[PDB]
Amino acid sequence: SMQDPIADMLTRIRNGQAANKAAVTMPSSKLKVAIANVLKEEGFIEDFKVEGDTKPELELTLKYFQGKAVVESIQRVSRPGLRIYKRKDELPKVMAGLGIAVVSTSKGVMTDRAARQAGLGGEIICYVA
Amino acid sequence: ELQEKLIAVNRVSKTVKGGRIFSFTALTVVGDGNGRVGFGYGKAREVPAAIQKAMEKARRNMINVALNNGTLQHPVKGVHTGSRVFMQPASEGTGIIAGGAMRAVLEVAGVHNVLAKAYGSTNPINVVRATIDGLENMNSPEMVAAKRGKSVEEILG
Amino acid sequence: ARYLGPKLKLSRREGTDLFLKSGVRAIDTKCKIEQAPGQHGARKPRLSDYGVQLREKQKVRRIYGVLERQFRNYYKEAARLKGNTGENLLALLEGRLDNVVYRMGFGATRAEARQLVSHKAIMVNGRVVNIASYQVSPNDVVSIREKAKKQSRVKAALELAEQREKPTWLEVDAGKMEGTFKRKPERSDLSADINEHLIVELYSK
Amino acid sequence: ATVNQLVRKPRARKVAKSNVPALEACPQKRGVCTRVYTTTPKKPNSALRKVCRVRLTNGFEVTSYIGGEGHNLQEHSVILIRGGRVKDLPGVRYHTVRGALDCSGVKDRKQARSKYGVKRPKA
Amino acid sequence: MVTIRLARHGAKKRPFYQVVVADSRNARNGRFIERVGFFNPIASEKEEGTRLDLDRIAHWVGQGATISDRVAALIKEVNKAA
Amino acid sequence: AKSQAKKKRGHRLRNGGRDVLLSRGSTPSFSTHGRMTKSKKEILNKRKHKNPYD
Amino acid sequence: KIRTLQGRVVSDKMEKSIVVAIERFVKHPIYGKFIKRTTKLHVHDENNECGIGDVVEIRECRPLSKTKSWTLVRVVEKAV
RNA sequence: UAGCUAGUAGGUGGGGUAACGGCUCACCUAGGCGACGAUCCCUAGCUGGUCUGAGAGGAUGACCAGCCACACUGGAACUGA
RNA sequence: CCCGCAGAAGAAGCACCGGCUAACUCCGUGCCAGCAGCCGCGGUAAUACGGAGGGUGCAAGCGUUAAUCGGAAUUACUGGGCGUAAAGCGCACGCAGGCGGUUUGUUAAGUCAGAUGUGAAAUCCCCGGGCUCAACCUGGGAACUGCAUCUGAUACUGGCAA
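Chains as they are written, first to last, in the entry's author numbering: chain h, 2 to 130; chain e, 10 to 166; chain d, 2 to 206; chain l, 2 to 124; chain p, 1 to 82; chain y, 2 to 55; chain q, 4 to 83.
Just so you know, these hints were derived from the structure itself, not from any lab.
Among the hints, a few may not be true.
Part of the chain h face toward chain e, derived, beta carbon under 10 Å [stated by the list, open to error]:
| id | residue |
| --- | --- |
| 1 | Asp5 |
| 2 | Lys64 |
| 3 | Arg114 |
Backbone N, C-alpha and C define an ideal beta-carbon position, used for all residues, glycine too.
Let's have the full structure, built from the sequences with the hints guiding it.
As structure tokens, then:
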């Protein structure tokens with residue numbers, strides 16, 4: 002009964018890219034804002050914005066290349082039934098480095114590559130190809 | 010030069026009023042050796058007629074694929090009807106290690122180093138379709154750089 | 002522990018000259034290399050991919066005279082060593098002492114060079130060395146000792162070896178009957194018509 | 002297949018059942034021939050097969066095939082059974098080692114003599 | 001007594017004694033406390049195997065060890081030649 | 002289960018026996034079924050020696 | 004600082020002693036999940052003061068009975 | 001194999017041990033364990049490791065080394081560090 | 001270990017050859033004798049049985065059996081399914097359990113980072129060394145993915161307070 006809002010967000014992005022929607026919308030939270038920020042920094046979505054005041058909504062502008070969608074596959078890793086925490090030399094690469102693994106580290110939510118450069122691990126939220 | 014490899018000749022039947030009618034179906038791959046591979050399924054009443062039909066069908070519908078010196082770009086998964094092929098780049102010096110029809114696909118496509126497994130069914134038509142599905146779905150650092158709006162070193166640094 | 006049967010049977014099963022008789026007479030006058038040995042030699046087999054891998058591995062075995070326990074251990078060491086596994090296996094095979102004596106020229110064949118090694122007529126670095134599987138390092142000076150330096154087959158072998166193609170990862174003398182192993186032979190130095198990828202693909206199975 | 006369900010009860014290592022249970026995980030077992038006789042195989046074959054009721058040293062009375070062409074076996078002979086089921090015979094799961102204790106090798110044989118105990122013809 | 005003795009390893013007719021400190025009542029090749037060096041009696045010329053960490057051996061004799069005769073001989077040798 | 006006929010045979014062997022299976026006619030040691038050489042269907046799709054196609 | 008385990012009293016019915024559940028949070032060695040395993044401990048409740056539904060700090064000590072080598076050092080969060 | 005346990009669980013005090021202690025006796029308390037598997041049945045020496053496997057695992061634990069137990073079977077103390 | 005002597009002199013078997021699986025013909029026998037790991041072969045032209053010739057593989061070994069892992073993603077954590085192939089309890093409520101919308105503060109348990117102690121030696125792996133080479137022996141490292149303590153981070157999960 003809506004116990005993983007992060008996977009609901011990734012599902013909304015995946016369904017929007019499958020249905021060729023130009024922008025998706027969802028309820029917002031600070032973790033969703035941080036994941037949208039790391040996706041916008043890595044160039045998978047166009048932009049993102051928050052709308053409400055006391056019931057804030059997150060609007061993500063999906064990105065499409067010359068024929069198709071930019072986000073090829075997006076998978077939730079640390080589901081609430083099984084949380085997954087990896088050390089700084091067990092941070093995996095996704096698509097051998099061409100994708101990113103969003104890693105909630107101890108000093109913020111960032112990519113696997115930024116976590117491996119800074120030298121700390123943490124929870125691994127999702128894989129993006 | 011378009012090298013080509015026959016994979017599986019098979020004898021199929023069709024029961025009619027008189028008796029059975031046996032006909033031969035052939036499955037071939039055709040590749041250039043630099044990132045262009047296609048496959049072709051021919052069917053006729055004689056084996057060389059099926060071979061020529063399969064070669065002329067494989068020569069037309071070739072796909073393109075971007076790959077390394079002899080290697081895949083990243084571990085990919087190709088799925089068709091029955092088969093669940095996993096392919097993965099290897100170090101330089103190891104041969105193509107796959108099974109049967111996948112060995113023929115990765116021979117003629119120009120791949121030289123791959124660790125590859127076939128899960129599920131291992132019918133040759135389905136593993137060839139799964140292998141070419143995985144090769145067509147493999148994406149390159151430069152095309153993902155164009156997809157994400159940055160450079161190759163911006164991805165890899 | 003050696004083959005010691007008819008050698009042209011081996012080379013005609015391979016369908017190519019394995020340089021394992023001599024060079025003094027053309028092999029298509031010595032035998033018929035185009036056929037296969039035996040009663041059904043003129044009939045040709047369709048040779049599935051296991052047959053291709055096996056024929057390639059057996060050809061590189063019977064070229065150097067190595068048997069299968071030793072050749073599998075050569076594969077194990079080659080896959081252990083860093084880098085390209087096939088060219089590692091080829092450099093390991095080319096670093097054998099009997100091959101090195103042949104490749105310098107103190108022997109008509111690998112078998113003659115193996116008998117000359119095993120009959121204590123070869124010193125590397127001033128110690129007489131008896132084992133044919135001695136891995137010869139770079140900067141090793143393999144020398145024929147004076148007890149067998151005045152031997153006729155050595156002189157004839159140097160003449161026909163000068164008719165053969167001279168290798169480049171070693172220097173010969175031929176006036177002192179010795180030679181220095183310069184470097185480890187890389188793949189694009191030795192004979193560029195064997196497929197080591199077939200051997201490593203065979204042993205991967 | 003849910004991880005909580007696996008935690009409450011795990012995946013089961015299925016079955017370890019042997020086809021040669023009277024060998025008792027030993028390669029050969031000797032035994033005395035209770036009865037040497039000839040039985041008949043299954044549907045598509047129709048031959049006459051020479052088997053024997055043997056009583057092993059662990060007390061098991063089993064039926065063992067006799068390979069080769071012709072033997073010397075009778076009542077009260079001490080043979081060495083080997084393991085390996087002959088397929089078309091009903092309930093014959095073992096084999097006699099020809100060339101063992103009280104079982105002579107096959108006569109006149111000149112190929113695959115090692116499997117039948119025939120010594121090399123010293124011509 | 002915690003004696004500093006030799007534990008013989010190596011091949012047949014090619015011995016190699018780890019200079020080691022152990023309880024005196026254990027086996028020769030048994031339960032040791034630490035190994036304080038080694039000694040190769042058939043070693044080579046200029047590829048020499050005989051090593052002792054004399055700070056740890058001095059720590060152990062200050063603790064109350066009883067050196068064996070061969071180990072004490074090698075301590076004499078490496079002290080006079082080192 | 003043992004058959005009703007065999008139970009009647011056992012009762013009549015306990016009660017003053019005769020062991021009628023001795024008076025049964027002895028079968029040969031081989032099998033006496035009908036042996037037929039194969040048909041053209043069976044020989045035509047027997048698929049022996051499995052030689053590949055060219 | 005000395006090592007002290009923080010647990011919850013299960014029962015206190017004996018005399019001068021309690022039984023304390025100490026929940027440990029362990030990864031499963033096979034399935035990866037963080038499961039909630041609980042160890043119980045006979046603890047020497049000195050002065051017989053602790054109730055039956057409260058939290059306690061406990062250090063291990065000299066063996067005091069057939070069981071019960073642990074003792075209460077201080078109480079946090081007394082029961083309702 | 002679903003209930004098991006009265007020195008049983010705890011206390012106080014005497015004894016006892018090199019040493020804490022139901023280790024043991026007297027009294028009092030009525031506890032203690034168990035679905036996170038007590039109890040009962042079958043099997044088994046344990047580990048570093050070995051084999052295999054891409055790994056995760058699986059099977060195993062002969063040689064070598066660390067630890068335990070036993071010394072025809074059952075029991076007991078003596079001597080001594 | 002080195003040197004001397006005589007002479008090619010004293011020293012090659014074992015399995016397989018229908019497909020899987022590398023390598024085929026002839027003779028014998030005729031659902032017999034027999035083979036067989038699976039599919040199966042033998043009924044008069046058997047590349048499947050027995051022998052010969054030839055060949056293929058391994059080689060002072062080679063085969064068979066027993067046992068184990070693999071292939072088996074065929075107990076699936078990595079890494080499987082459940083309309084009809086095997087598999088949604090007949091249905092609901094609900095305790096233990098498992099999971100938890102959103103904001104701030106706190107804690108720092110889980111988590112992550114650094115250090116410390118420990119993780120016996122040998123084995124395993126890497127770079128070397130010694131036995132003529134190898135096996136073997138051996139130096140130094142890495143490893144022992146663990147546990148415990150200390151000091152930090154606190155995003156995420158947990159506890160607390162609103």
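Does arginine 114 of chain h pass the interface check with chain e, least Cβ-Cβ distance below 10 Å?
With a minimum Cβ separation of about 8 Å from chain e (threshold 10 Å), the hint on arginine 114 of chain h holds.
Does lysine 64 of chain h pass the interface check with chain e, least Cβ-Cβ distance below 10 Å?
holds (8 Å)
Per the CB criterion, is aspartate 5 of chain h less than 10 Å away from chain e?
violated (24 Å)
When the structure is compared with the earlier hints, a violation turns up for hint 1 alone.
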